[PDB]
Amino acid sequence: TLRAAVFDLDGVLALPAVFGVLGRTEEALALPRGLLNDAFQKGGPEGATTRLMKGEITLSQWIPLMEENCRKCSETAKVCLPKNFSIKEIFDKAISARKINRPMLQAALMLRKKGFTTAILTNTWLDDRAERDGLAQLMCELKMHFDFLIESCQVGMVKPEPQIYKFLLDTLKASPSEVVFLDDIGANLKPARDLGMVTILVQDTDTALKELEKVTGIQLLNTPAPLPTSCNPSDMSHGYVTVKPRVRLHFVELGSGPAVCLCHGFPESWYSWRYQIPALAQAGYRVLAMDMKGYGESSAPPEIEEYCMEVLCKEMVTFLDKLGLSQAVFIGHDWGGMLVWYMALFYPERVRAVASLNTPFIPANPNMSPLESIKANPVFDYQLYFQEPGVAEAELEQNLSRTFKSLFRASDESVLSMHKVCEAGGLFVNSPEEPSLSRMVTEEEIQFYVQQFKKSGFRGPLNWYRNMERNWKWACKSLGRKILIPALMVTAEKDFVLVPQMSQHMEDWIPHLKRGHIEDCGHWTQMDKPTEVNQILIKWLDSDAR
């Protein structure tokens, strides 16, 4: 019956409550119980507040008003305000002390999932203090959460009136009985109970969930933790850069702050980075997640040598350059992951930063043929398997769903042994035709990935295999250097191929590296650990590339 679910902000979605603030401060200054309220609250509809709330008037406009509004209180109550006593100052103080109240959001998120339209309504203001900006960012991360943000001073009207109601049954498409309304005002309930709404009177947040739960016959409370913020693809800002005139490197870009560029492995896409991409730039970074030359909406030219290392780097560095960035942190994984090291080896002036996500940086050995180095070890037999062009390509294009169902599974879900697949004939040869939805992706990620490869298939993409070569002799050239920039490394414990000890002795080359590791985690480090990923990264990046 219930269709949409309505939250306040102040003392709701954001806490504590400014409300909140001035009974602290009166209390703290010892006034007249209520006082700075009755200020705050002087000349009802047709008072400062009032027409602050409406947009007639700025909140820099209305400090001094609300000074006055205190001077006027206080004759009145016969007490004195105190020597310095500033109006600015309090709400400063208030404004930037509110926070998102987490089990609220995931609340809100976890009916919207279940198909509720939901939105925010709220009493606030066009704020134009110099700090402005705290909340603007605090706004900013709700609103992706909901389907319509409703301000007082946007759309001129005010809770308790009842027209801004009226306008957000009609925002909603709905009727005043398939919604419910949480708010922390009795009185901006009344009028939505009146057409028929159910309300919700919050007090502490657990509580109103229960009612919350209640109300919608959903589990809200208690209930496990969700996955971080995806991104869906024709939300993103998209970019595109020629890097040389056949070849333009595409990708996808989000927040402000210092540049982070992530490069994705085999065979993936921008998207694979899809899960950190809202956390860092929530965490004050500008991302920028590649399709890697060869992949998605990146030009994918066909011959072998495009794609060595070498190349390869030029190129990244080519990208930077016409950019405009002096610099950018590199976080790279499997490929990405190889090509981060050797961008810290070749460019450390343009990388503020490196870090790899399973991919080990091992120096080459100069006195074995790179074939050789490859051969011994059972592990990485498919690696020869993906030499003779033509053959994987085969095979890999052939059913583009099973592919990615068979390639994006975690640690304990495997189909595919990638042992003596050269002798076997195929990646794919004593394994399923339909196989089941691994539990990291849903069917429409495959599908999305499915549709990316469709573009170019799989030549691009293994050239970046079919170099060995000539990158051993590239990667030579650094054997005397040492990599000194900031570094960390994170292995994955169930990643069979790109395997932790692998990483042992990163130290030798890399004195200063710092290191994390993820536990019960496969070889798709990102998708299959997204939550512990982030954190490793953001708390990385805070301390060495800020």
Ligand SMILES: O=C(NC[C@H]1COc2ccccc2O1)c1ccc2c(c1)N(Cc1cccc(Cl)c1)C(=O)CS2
Contents of the next structure:
There are 2 protein chains.
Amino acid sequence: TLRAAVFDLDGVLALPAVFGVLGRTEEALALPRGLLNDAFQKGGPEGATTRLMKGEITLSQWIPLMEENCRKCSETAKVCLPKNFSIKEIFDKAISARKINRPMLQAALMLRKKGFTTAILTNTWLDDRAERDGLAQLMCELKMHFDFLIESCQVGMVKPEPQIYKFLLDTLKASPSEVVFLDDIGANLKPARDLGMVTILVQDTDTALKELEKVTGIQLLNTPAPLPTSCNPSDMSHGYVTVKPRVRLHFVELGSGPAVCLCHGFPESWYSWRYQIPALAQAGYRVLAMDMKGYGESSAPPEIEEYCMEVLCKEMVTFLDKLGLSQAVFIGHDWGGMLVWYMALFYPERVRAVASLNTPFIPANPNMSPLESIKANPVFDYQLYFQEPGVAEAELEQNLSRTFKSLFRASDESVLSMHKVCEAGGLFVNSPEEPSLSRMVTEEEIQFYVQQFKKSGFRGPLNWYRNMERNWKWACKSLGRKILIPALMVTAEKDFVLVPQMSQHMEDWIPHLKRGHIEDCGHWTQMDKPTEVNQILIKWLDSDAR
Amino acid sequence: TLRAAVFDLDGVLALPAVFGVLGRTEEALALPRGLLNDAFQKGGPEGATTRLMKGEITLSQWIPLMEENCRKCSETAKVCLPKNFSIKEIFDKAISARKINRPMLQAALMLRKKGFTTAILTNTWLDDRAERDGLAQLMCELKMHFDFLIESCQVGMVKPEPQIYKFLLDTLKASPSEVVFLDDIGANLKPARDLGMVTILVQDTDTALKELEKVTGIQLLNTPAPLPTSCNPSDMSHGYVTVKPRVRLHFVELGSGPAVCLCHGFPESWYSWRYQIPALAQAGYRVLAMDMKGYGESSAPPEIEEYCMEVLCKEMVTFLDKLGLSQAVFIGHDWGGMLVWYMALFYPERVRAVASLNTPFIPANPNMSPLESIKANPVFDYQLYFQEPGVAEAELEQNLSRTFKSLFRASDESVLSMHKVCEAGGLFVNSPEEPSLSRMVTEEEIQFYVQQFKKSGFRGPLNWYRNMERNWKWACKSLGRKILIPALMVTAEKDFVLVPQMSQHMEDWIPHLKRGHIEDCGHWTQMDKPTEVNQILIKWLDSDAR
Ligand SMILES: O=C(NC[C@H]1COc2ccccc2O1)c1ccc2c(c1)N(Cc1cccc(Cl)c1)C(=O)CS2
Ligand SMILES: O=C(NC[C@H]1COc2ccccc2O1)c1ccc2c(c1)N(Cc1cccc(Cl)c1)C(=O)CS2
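The structure above corresponds to the form solved without this ligand; please give the structure of the form solved in complex with this ligand next.
Starting with the chain above, the whole complex follows.
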């Protein structure tokens, strides 16, 4: 019975294989067959390549030793090398062309999901080239998906030496019969088989995956499209900034590059962006996923005034000041989407770009109170139930597991009546006390929001709805302005409160506005349609946020 | 008696003044005198400019309204504007050319240092231009040096309206007689005087500073070169990363741009880099100032093995992995300098560039034990006193205020005998129990290290010296390698343990090595010579770290 899966890098988890380049270069240069390959592994276990793979020497030290081997190999075939020839130039293109083998990673991901201990066992070098970052980015992306990464240059052992295999078994804490081993080199595959491990010679991915699916008894090939990588809270970098004597902001941070500040809605968390954080960091951005004031590890002062848009926006400006950020792109959902449009209206110099999920930008009516305006549309009736301090808190805090299971549901899973919330007298009137688990979330994920909301409850979050007159008066100062910095509006087809139709006149205030629309998507955009959210934002960031 | 100082931005804290550009453009274009200036403030308190300054409209909305005013002003002088003319193009150059008025900032810095409440009162706009970042960077640098920043567009009031002055007094919580007011515009200066405030018409900086020095009774002009901006711990962004079940790393983070990871020595803190963090962030880098394992808010497991170079280097690689950083430039001092050379030797793909302050790179002698090697040089005798667990801890932890006051001293302030530490029997044998305060530190700064060291004491820090055999064996694996990635060696003239001479053969292992040397500098490089450290690193980062 199998319990662990081992994968080589070059030719297995990454294609095209770097080995293949030595050969296709000889074909491209009408050079003798296997000339560059023979020069490569010249000397065997005593040769320059073995020393490089054991970590005795770095890649830049090996480059000249290899050129001398290429010199000698052409000398013993009675032929000569070209003028515009460089080993450095060949390997540079070879390493750069080498991309992740997505289906092979998907299969590794599925095996780990089903309880398998996963590992990478590769013959590699200490890369000190000026362009080593490309490969560093590849390894950093891959490694985080496996329990272990064993590198020949870090262990001073190499494939096919039997010591590295015994080392692999010891680190895996498993017997050979419990191990599947994938390699594109038969010679390197042999000792694993010889030790009693299950082996798969990887030539083409599809066949190798057929072999793997058969031996594990797990469907890996033709399996449904997987969800984007999520976040394990305890594996994240957690950031803390004091924005004023009693107010501290918490955020999760991942990646390098232009700063992207993610702003959640009500009643959410930084965790509501869990499927976006790895995707955006991977796309070349420095993601700062906030716990908005009143939420999670952020301060939650009791006073209503602490939650008016003006103070929330000022504190986010302070957040940037203390972190030393002149700008960040602001991406908001629900209440965060409202904040984000006001960040763009009142502080354009601090906003590189602005994007909103579901929340439209509707200017204030100076000729009507926001409380009268709410009346006009019975969809917002629940907001009047939220006005009285303590009322909604008591109902929402009473059973947290019930609160989040009832709320976080797809468009076809509705369990709550948000209409006539005033009349029925309560948000959970004819709602199950123990609702079913939505297809959007796991029990573990709901339990994350439960633990988060145990610190300060619903007062701070509900206070965001308790400053409509303040916000209205404040918004009225911007009634002569336009949003002229890059902007994106993302509509969700099946959001029954923030309906796409509410965004229709936005172009009158944001003329160069870009759009995105998500079919069959509910209010909880990020968890309902993660793949498409990431696709829309990554595409917009690369075109509009540099 | 004076207690507050107020400064305008344009023409006061930032030069050349943007006003001046309208006029020198007319001269450059042989246009009628004051044409562009008259078109600028056309309409008075009802005009386009007033609306922009009150925040009714953004800069991009004002640009076309201004072009129409330029149209009408040329029409009433019977002349015509050029072909290659653009108001946008003029203001862009004007805002970009405008730099901080360093002596004026220095004077503001000195006034705040002497108990003055400081503030900026400017007539400004909501900048939504594609190039608004330049100005955002200017304001973000400046604002952090003042208690308050009052912007006309944020307050909906403007200079010279008397309401803004009464607003300024209320925010300053001071009476007019307690306020000095600096402005380059007489009209805007007038109401402050009219209210009873002390005023200074700023034409040239020197004269204005003479006027200011006279009225405050504080030397501001010709004053000594100031220390670089430091860090207030409670105003920093604090980061926390779990690198393994029982090990968490803490860091302070500031700025955007290429990641620069700062690694302190023994017995230090992230705070030891306090004069570098704002300087490097300001130079366009994302500074991550570490609390190294065993220090401050970072984990301090008791076991000696947890502090061998191999594990410390592996954990820093994990630190990068969890933060989503493919690389960072590694800058180390003392023990951090040792780590940093081993980061470059064992993980070149993760090191964009490496720099060491004082610590040279000396390869391991495979033919001699590091304990024998230590014997050979009696300068390292204190390291043998550090070997026995508990001994040095008891002495160093006994009086923390005494430990740091005795240690953190300039080259001419020596209070300790590090020679024959073995014989005398103790590190503090003939040392004062209450040493004088070094000219390098304040009581407040020593008290920071005291509070930091109260959490886990000296075991973890001293454990860094307790793995010489492990480190020696590990280092010996790199004996065939070279450091070929960008590298900087910074020597300190008066470091009596890490003498410049120890770095002499480094070029044999680091051929493209760059150097820096600091005259009259002790061991505590960062606090001894902050200005020159920042100058050497900023210059090296811009040439070698992109
Ligand atoms: O309140 C919401 N949005 C916040 C701001 C954004 O700016 C606005 C701009 C325009 C209008 C309103 C604006 O309100 C909101 C939005 C959509 C939905 C929704 C709530 N609810 C109700 C709910 C949610 C959580 C807990 C409870 Cl008890 C009840 C759903 O369950 C899913 S649909
Ligand atoms: O130990 C030091 N360096 C760490 C590594 C770096 O890698 C190395 C590479 C080569 C040699 C040694 C290496 O050692 C060190 C260095 C300089 C000085 C110094 C200590 N001391 C002694 C001291 C400091 C703190 C507390 C106490 Cl009780 C005593 C001073 O007071 C100022 S001069």
